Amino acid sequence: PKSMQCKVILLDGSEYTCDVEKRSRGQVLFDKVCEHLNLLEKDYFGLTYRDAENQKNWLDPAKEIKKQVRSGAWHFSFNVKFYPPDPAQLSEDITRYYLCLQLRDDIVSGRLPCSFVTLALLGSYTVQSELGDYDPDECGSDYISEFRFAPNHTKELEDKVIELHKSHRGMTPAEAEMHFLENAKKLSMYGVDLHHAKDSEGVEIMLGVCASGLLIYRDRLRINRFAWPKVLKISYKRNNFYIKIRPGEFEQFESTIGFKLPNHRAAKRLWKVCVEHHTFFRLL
């Protein structure tokens, strides 16, 4: 039995190394990573890899690892795949903990835009979780946390984190993580997977995929939203991605919205992530 070395970037930024038989399906590696993390609520998570176009792809647990990474290195990241609309309903604190780490990366990276005050508040819960109660000793007027809180740090933001941290005295890690999630889950881009596309007129848009449905970001003014109930069918052909929309009551015929993706692979990727979110957030 020939085994391949796999390297997985964990959500705390550490590296986990293991071996799988070279013909292993993605589920085999995923089960090994989840055991290492003591994670039971595995359905929300998945492994990503970077393709030869350098694009993030979900490792399909049902398919051979080798048929997906193809020519690439057996290097992966551990990520949230389905962001729970209501993290309070997850059964385990460790589940909420990994969701927090993913979200901290979403914020720092700028995938999850956040106001000043919400950056500082989220920051303040992370600090309470990780260091416990505010202590002036390791905090002077010039203090700067090791914690990355935002795409761009300012002294004002560091001060606001400390001010809000003072207010959380006695808060346990599980409690701070729950408060973090009750705030994060309300952000307009929470759990939104964005894909670059052009509309049928050739205008640059973003397609968002999330729990509740599809979002078409034309710009800040005029954002189309298709709840899953409204979506009849979605398809891809070549570089094209088409959304079939239900008729309104006493309308005879569905509407079709077509989009142009950068290439055939980007169309197929968007299609797969829509089907997966549609299945998940038709069962939840």
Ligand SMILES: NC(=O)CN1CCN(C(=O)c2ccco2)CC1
The other form holds:
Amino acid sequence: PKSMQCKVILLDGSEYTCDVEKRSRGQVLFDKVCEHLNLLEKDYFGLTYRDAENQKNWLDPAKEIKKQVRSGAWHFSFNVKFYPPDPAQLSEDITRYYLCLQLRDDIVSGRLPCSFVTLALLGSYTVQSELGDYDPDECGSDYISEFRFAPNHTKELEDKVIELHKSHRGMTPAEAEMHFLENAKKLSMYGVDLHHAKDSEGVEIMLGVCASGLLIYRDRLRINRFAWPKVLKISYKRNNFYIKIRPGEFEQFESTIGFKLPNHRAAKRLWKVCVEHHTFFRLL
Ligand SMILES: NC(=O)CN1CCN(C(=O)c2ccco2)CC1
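What does the same protein look like in the form deposited with the named molecule bound, given that the last one was the form deposited without the named molecule?
Full complex below, order starting with the chain above.
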């Protein structure tokens, strides 16, 4: 029984290595990573890989690993797939912990934009969770934390993190993690997966996929939003992605919005993430 070595980048930046039989389905490796992580609430998470077009693909747990990674290395990342709209309702603190680690990377990467004050607040809860109570001994007037808090660090941001950290004395890690999430969950780009696209006139837009529905980011004076209820049908053909939108009450026929994606694989990838979000948030 021939086994392939898998390398998985965990959300704390460490590497987990394991072996699976070479014809294994994605679920086999995912189960192994989740067991390693002591993670029970597995539904919110998945494994990604970087392709030959160099983009992120979700590893489909139901399909053979080799038919997905094809010519590529068996190298993966562990990631949040479905961001819970209300993390307080997750049953375990360890689930909330991994969601925090993902969101910290979302913030540092600039995928999740954040005001100065919210960067400092989120940072202050991370420090409280990781170091415990503020201690002046390992913080002078010139202190800079090892923690990455933001896409661009400033001494002002470091100072504000410390000021807010002082206010959290006696907070336990699970409590600080819950505060982090109560703030993060409100950010306008929380849990939004962004895809580059062109509208039916060739104008560059972004399409956002989230729990609630679909977002079309045009010029920022115009953001169109389609709640999952309003979306009739999702489809792709060639480099095109089509959304069928319900008629308003007393209308005879749906509207179709068409988008052009960079290539056929980018269209298929958008289609599959939308179907998965539609299913997941239909059941929540
Ligand atoms: N007064 C309002 O209802 C404002 N509301 C419009 C739609 N909202 C969503 O639930 C959403 C996010 C993506 C698709 O739909 C966000 C903000």
